[PDB]
Amino acid sequence: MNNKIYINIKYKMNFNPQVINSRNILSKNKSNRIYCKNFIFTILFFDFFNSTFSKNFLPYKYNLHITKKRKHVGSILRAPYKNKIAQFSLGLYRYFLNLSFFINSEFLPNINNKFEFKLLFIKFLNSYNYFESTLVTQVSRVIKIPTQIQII
Amino acid sequence: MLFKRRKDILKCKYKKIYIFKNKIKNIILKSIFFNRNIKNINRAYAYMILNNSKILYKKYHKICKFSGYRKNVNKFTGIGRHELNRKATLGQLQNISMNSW
Amino acid sequence: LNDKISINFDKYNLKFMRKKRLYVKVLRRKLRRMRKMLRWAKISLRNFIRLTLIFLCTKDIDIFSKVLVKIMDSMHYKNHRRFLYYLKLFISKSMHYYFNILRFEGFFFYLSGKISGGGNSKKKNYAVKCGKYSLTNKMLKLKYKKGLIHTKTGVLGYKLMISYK
Amino acid sequence: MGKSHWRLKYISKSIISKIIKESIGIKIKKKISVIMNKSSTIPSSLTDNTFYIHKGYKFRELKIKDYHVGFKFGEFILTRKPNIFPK
Amino acid sequence: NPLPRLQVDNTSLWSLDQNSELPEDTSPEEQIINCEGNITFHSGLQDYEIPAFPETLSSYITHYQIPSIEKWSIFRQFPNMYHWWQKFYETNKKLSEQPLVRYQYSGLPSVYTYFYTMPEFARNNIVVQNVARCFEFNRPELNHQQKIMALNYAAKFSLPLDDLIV
Amino acid sequence: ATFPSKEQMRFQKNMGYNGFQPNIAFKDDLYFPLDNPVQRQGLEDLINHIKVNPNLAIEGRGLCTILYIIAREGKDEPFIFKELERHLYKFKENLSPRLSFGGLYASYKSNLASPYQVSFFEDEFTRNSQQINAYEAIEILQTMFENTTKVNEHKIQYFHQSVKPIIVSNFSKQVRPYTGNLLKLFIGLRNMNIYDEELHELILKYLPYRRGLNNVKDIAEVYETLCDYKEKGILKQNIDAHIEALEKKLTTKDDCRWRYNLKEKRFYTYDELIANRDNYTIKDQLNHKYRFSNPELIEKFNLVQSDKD
Amino acid sequence: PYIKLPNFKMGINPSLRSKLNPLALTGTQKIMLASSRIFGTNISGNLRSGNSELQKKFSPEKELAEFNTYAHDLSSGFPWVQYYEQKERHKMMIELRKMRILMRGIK
Amino acid sequence: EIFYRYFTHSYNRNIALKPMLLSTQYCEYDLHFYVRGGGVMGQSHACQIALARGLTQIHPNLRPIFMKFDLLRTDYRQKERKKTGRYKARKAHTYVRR
Amino acid sequence: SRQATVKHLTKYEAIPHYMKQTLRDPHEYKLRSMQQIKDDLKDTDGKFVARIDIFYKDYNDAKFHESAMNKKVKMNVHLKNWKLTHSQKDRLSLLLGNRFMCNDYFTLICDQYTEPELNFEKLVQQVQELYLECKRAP
Amino acid sequence: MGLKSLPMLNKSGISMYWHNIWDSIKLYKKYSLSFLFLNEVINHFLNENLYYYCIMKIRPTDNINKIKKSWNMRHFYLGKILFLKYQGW
RNA sequence: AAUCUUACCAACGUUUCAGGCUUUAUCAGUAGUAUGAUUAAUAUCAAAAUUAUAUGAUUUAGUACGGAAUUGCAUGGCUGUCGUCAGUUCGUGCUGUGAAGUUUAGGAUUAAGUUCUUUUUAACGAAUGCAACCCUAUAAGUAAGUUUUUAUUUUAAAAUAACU
RNA sequence: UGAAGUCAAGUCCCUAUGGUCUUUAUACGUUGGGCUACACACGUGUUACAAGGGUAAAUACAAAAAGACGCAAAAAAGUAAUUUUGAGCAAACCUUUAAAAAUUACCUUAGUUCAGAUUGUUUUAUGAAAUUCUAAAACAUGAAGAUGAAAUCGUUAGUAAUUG
Ligand SMILES: [Mg+2]
Ligand SMILES: [Mg+2]
Ligand SMILES: [Mg+2]
Ligand SMILES: [Mg+2]
Ligand SMILES: [Mg+2]
Ligand SMILES: [Mg+2]
Ligand SMILES: [Mg+2]
Ligand SMILES: [Mg+2]
Ligand SMILES: [Mg+2]
Ligand SMILES: [Mg+2]
Ligand SMILES: [Mg+2]
Ligand SMILES: [Mg+2]
Ligand SMILES: [Mg+2]
Ligand SMILES: [Mg+2]
Ligand SMILES: [Mg+2]
Ligand SMILES: [Mg+2]
Ligand SMILES: [Mg+2]
Ligand SMILES: [Mg+2]
Ligand SMILES: [Mg+2]
Ligand SMILES: [Mg+2]
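Protein chains in written order, with the authors' numbering: chain Bj, 1 to 152; chain Bn, 1 to 101; chain Bd, 166 to 330; chain Bs, 1 to 87; chain Bx, 444 to 609; chain BU, 29 to 337; chain By, 2 to 108; chain Bi, 640 to 737; chain BA, 12 to 149; chain BX, 1 to 62, 75 to 101.
Each hint can be trusted.
The calculated DSBU-like cross-link candidates involving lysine-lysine, where the alpha carbons are at most 30 Å apart (straight line), are: (1) Bs:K65 with Bn:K39; (2) BX:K26 with BA:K83; (3) Bd:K279 with Bd:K207; (4) Bj:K37 with Bd:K303; (5) Bj:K68 with Bj:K144; (6) BX:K78 with Bd:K235; (7) BX:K11 with Bd:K176; (8) BX:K29 with By:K57; (9) Bd:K287 with Bd:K231; (10) BX:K4 with Bn:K75; (11) Bs:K31 with BU:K317; (12) By:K58 with BU:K41; (13) Bd:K258 with Bd:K310; (14) BA:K82 with BX:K29; (15) Bd:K308 with Bn:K75; (16) By:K88 with Bd:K207; (17) Bs:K13 with Bn:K25; (18) Bj:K55 with BA:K68; (19) Bd:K308 with Bd:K176; (20) Bs:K13 with Bs:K58; (21) Bd:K324 with Bd:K279; (22) BA:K82 with Bn:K21; (23) Bd:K201 with Bd:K288; (24) Bd:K311 with Bd:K207; (25) Bd:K287 with By:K88; (26) Bn:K59 with Bn:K23; (27) BX:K30 with Bn:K87; (28) Bs:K13 with BU:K34; (29) BA:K85 with By:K63; (30) Bd:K243 with Bd:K287; (31) Bx:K599 with BU:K245; (32) Bn:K75 with Bn:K7; (33) Bd:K235 with BX:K92.
It is worth saying that the hints were derived from the structure and are not from the lab.
Build the full structure now, drawing on both the sequences and the hints.
In structure tokens, the structure reads:
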């Protein structure tokens, strides 16, 4: 009765994220930038609600990860005609998060109906968009719950 | 009558709607025609009907909604060449930046 | 959109005094020759002064642009040249002082075509400059408009530019 | 060279209409002898028949014979008048 | 100081008048303009939930105020989660507490229900067999109708031919 | 040749992109698309907005529209109607026809309205009996059978006063071109046990011969009933010719044979059809050309190739 | 010309669909067939069948979703627009030509 | 994989063991290094830097030797870009004056 | 990164017909009946229950025409309730085909419909149809 | 004329929010084109009074120069239109 | 540039708005389509089957007709090149009758109107550009780590191999 | 990343626009054709004239980028192009990607096991459609060319060149 749950969340955020050691110290030649600050509300969720999390139903092992990826839009000609050299390039930069945390459980849910597949997955994941900010929006999301079905 | 853009957008529109609805028809006919295991006749009678249709709504070619110019298009944005040089001045394009590798 | 909405017809947090004082009158004395040009548009004097200060503060290219277009259209195509010489002095001398207060820095405005002329007559280019308009400063900020004016002689394109901190 | 054999040869809407009108016995005439869509292959039933083929702003004439079968209409007709550098 | 404000979420309807009688003189867009403060429409909320948009904004420049919206959004997340997490505890708590019975199987839309009504000579062709597979499994795009309507167009090619066509 | 051609212009119509629905709000005093699940949550919020707010102000529109929808969706709400009937004095002899239709339509179908609530709308429906549409009046007949608050007698006297002049005057245009306006009417009467000869005359001229009767369940139930009136002899006018036409449809059309019996008088099951799976009764079914259009040419095609022999 | 030469190899070119003898099936063959009913797989020879064109995905409507935006032409997507000023300039300039056209017709 | 069975030719092989002569600790140790990226010659010269940096943690006496042989310095030198109107980095179209 | 595919010469060509390997079809036997199966689960009185693990995804992008992106429903199934013999295991590794499978669990995916419910029940109809056809062996 | 290459895009991603802040994946074409359809609907809905239009013709029946000039909106001065996305909102 | 594209040539055909709104008149067993016939093709005609889905299909008048037709020596807008050369220019003050110059002339330095200098009874300051801030590759230091990254190590089960 | 502005440089034929012209035609839709013609000649660029090469067989290491009107592993067939088949993935998770070189062996300076055009005929792929007017593979055809006059161009280190 310590069945495991798996939740993997991805985000998108165009601007650079900032290191938390770098708030009191940062070079004035870089101070006028933009950053996607406050990308850590995900971590904060498991400290405010630490008192509400029961012992039957408890999160643990929450971790983040960073990546970067460029998409290519193409080199577009800059003139109306007869200038092949004139090409201004265009591209797109992104930064993805990858949250991943487990929550244990004493329960194990039973299934007896199709509608139960909707009561537990489809209503929650569609209502998971709250876990979001303006710049930090989410592409995908995952939930894994062990279950029981009485086939035959 | 209509100016060139608002006309030509409709031509390239009606060509797709035809395809959208004769989709299932033209996928089954073409399925039989390439089914080598069948006799040749039924493979041909489908080829006979497959041509007995409006080809005019099949000669599709891309177009830009804004300029009316057809040859160069950015599929990532769905708009043209003469326009992106303009919007890039205004910065209207979202999340784009100049590649400095 | 299949999604929830909230629309916010908000206003600016800025307001103006109720009492005339010196610092209004100092502007009215300088902006007098424009009053003739201003009456053609049925535009008031009080309102024109405000929108610029809203513009220097709020940094919205769209607002101060429409003020021009209502003037530059109601006028006749002889008189555009003078209106700008009064606009150059107005920005360059009077309002150049407000810049450092509002963390504001830079103005630039470039016309294109037949600002005043008829039939077969040359192009002319007019400019306005004050403060900083740099482009290789990737850490400097900007906002950019590319505009259009119609006449009986032809067409005129204008480029507003602006910069702030 | 040509297509693979299993890719059956092309005969458009039109010639399929004409082959049927042959089958009924309806003779070929001013407009029925007319041909377009040259890529359509030259069928076998229509031996002993004239067909006025189209190019540009006028036409060409031919009769069908068993040797002409299998080919395409547009391989017998010339579109571009040949080029000769003058003296 | 922050101006006054209004909020309008579907209670709009109750105040609404007929269309046979409306103010032809005064327009809403004018009322929005001449009336002080600010005005807000939004699609609605629950009792436990906060307005999405911050009702007030410190600055007026775009660049300098948008962080006030990030702070607001994060400031909004919490009551929605206690409503979410609390349910996610409760639903699971029902199901392990429910009793098990056999899985109450239910109906799927499939094309085989039409296939097994057709006679042999259609069912035995390589065509219609290969139809009912790929239109059943590898094509979710289509309705239950558009697939059944596809066989009957394929079954026509099971039939023989006249001598004209041949 | 013209551009655009008519066959093209239908493409944009069949997909539905020719409309602009916000214009409908100015045409209909009630307008609630519910084209999305978010929009539906906007409905439930109203229902909780009322239960929580005992003190509440309204207009005549927002009241009547909510009832129209709850009736249309069929949600049960014994608490909503008593809360809203209080205000009905506010809009006596004032409401539009379209709105007077709604709360009327909902009071019947709800099976929850008061005899005072129904009394308020019946005075208004009559007050606008001319401008009201025919298809609207027909849906009222669909609700009399679904309501049980009233006795069927009062529903009939109300049907003779206000509803007959609508339909009979607006028969040739609003109803006659349409089959759906007729079918729901013909079903709506027998379920109400009302039989007037001013209508069944006007109705039966057209129904049994239409192509619009595409669903066999629409064909059959007309055949199910018209065979019964003969047994009872209720209607005086002869009907024998009408019924024979429906039999020929039920026989000739190969679908009806595959789903229905005249003699056994029922539909087939799914299992029973598998028994008749391989029984191929059809005669001379095959790929063809000109057959049902011009079979003369097929005969010529036999002569020519025979002459070559 | 058509140079043909003899192929000293024999027999049908083998295939899963051809190794099968439905009258005499092995255990490994009934098992695969029992998978095909489940997931809808296909068994066919080395030669082409039409399943590759029944399994394909062909989404033409996604282009219409661009044509249905009507961002490029507001009047086609939002007919309540009425460009008042642009019509005024269009009318003034026309009428002034007609002054010129008639006055030049005399002159 | 095995040493002779991955780095086939010996000039790829002496590079990686050039430090091991400079240490004189031959056969004392057992080596296991995992590499991914680049081509064979560039994939070998990295093995100089890694052992030379690995040994000096053990034998810091060997440092001024590895300084002289430049086995501890990286090679930031990396391939250049293809400009637009150039066939590649530093290669332009033919100039035409007539 | 990915290393490149290479066709190694595993088997030599010309090896005598007598020295080759050939393996019979172990699945050739008399298949079980139904009551033989039900007699195995007498501890549970005609009732079997399976432990499984349901993955599922959602997207903010699944809308007007990409609304089909939310149709997959990935599942795993645990086997230790399945008292699988040596012959029952190999039969099960064939039905799945060239698909993932371990001693502990195996995958099951369906993307046959638009709505995930219909793709979820189909997994149950597969799990049943695979357990029976698997336990039809001894 | 010397080539003043694209200044704003050289500055945007590192020093300036774009005219809107949202982002999307697999739906870049819709939102980028659909908000442009809404920037100008609202402009042309406000800067030109259309509530007076929707009354006269769209509605059945059973000042004019004053509107074509938009005299009622002569004091109106818009600054921007902005768009956002998060939390399904 | 296979068709479309494509503007050009030849020929058949069309004669004024796509959607929305207003309006005139007729039809409603009529209307429509993965239908059928017809033409080279758009077009045009129509009841064997099928669809019937609220408030129709067709028609008159009106709601900015149209134009790759011309003048880039009437213009915008976009762009090439002189040139990645290092210059262009303003406010005030000084000098000269004045044009104008100084500043932007000396010394050195710089790839650079680059920077430094106490060259001077006169220039001080300011904008733009070059530069630099930003991105790629590097070492050193900190911060985070994935069922997806890589390696060292370890727990438990199955197969294979070994045999404790 | 690129100032001021010059070359009345270029474009009204991407879109906008002033003047001018046309409006039963300088406008519009469709079918077919044409832009792919061939005396002489120019600019650009790929492949070769060989042995630091060609070929057969066995068989290593990459980056960057893209993916559902898609990528498509594993097994199997074919001589080969490629096809059957579609596990798995909307993603650092699954997938699409190397050659030159190095090793072993033959060819032994020959207009040649170099070169590889051109042409005939089947097969392979897309499409409604390949003749005018597509690309690729095989059997077979197997021309010129034997490092190029006067003249002239690119390059400054991870550059030239070579490899994909
Ligand atoms: Mg094409
Ligand atoms: Mg395949
Ligand atoms: Mg062409
Ligand atoms: Mg053409
Ligand atoms: Mg023309
Ligand atoms: Mg010129
Ligand atoms: Mg000087
Ligand atoms: Mg690089
Ligand atoms: Mg890096
Ligand atoms: Mg010229
Ligand atoms: Mg050309
Ligand atoms: Mg070579
Ligand atoms: Mg090999
Ligand atoms: Mg692989
Ligand atoms: Mg393979
Ligand atoms: Mg699959
Ligand atoms: Mg080699
Ligand atoms: Mg030779
Ligand atoms: Mg050779
Ligand atoms: Mg030689």
